[PDB]
Each structure stands twice: as C-alpha cells, then as structure tokens.
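The data below hold one chain only, encoded as structure tokens and taken in the form solved without the partner chain.
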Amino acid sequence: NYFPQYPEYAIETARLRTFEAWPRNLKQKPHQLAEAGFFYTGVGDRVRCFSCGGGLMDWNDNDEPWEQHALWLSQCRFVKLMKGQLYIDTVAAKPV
C-alpha cells in the first residue's frame, strides 16, 4: 500500500537535517540527496528513501541522486510523482 516507508522523513527539511555528518568531500551534496527523497543513515555514505525505504551507497562521482533512485529503486512512487514514469523509463533504458 502507499504511504512513506519512513513517515517521519516525509518532509524535505526533516530529511536534510540528517546530513550534518554527511561526508563533505562527496560530490552529492545534502540538499541534492534530500530533494531526491533520501535521508542519511548516519553511517558512511549510505542513505535511504523515506517512501520506498531503499538504500543506496558507494556514491561515485558520476552519480545523480534522482537517476540512481530511478535506476535501482524503480518501483518508488516518490520518483514517479516527482519525475514521472517517463523519466524512470528513460533512466531504465540509458546505455551507461
């Protein structure tokens, strides 16, 4: 059924605040990861989505939150409602 997997982190602001210990040297800044529906696990570079509860880590230089989101967590209703199913389909088709 649909409702946030982490209702407490439904609001962006609440999600942002968890990145205070986020590894500064990373390309993915907190505001980015936050907007893409992610909150910080407090450990390493691991984050989880408030809606799908999916967690992504090992963030490489070439990674964009939304895209990574769409790629691995394709069934996430937050992405579909923000980016739309086309974006998802597109990201799912992209070569690299």
The other form holds:
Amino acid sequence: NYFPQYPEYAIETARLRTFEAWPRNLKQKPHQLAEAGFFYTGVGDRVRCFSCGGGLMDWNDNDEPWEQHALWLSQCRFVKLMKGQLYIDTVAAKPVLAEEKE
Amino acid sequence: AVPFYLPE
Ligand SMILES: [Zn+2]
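Now show me the form solved in complex with the partner chain; what you just gave was the form solved without the partner chain.
Then the entire complex follows, led off by the chain already shown.
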C-alpha cells in the first residue's frame, strides 16, 4: 500500500514552515512549492516531496513547481491526487518540458 | 529544475 515517504510533512503548514530559511533570491516562493508538495531541505534550493520522496534542485526563473513535479516525478501520488493523470500527461507533452526530460 | 534523488 501507499504511504507518504515523509509523513511529518503531509500537512501544508508543516511544509511551509521549512521554507523559513528559503533564499529570497529564488522566484519560486514558499507558498507555490509547499502547495506543490515540497518541503525545503535547508541546503541551497533543494526540496523534497513528502509523498514520493523525490527531490528537485536548480530551479530556473520560469519553473512552475507543479509542472516540475509532474514531469520528473510522474508516479507521485500527491500529483495524481491534486492535479490528475491528464495534467501529468499534458506536462510531459509540452515541448520546453519534454526537452528538460530528454 | 533537475532531480538530485528519484524513487527506486
Ligand atoms: Zn511527489
């Protein structure tokens, strides 16, 4: 059965709290990332998803937390739950994103 | 973004 990798960060507010030290430098604001299922690692711009455990870094100004989530961690339960399967499929179809993936 | 960790 499925169970989140980090049960402690299953709550949005708990995730948001980790972004206290998040660099103000980055365009991806704490709200966007936390709502996407991410919590800050405390190092650089590294984040991890509470459900799948996957971690993303090196965020570009043009990156949307949800898109990056669905593109790289397409098997993630939280993405499927909040965004749906079609979104995941559409994300992977967008040229710019498809190329990131290679 | 690029992943630094992906599930097994
Ligand atoms: Zn995930």
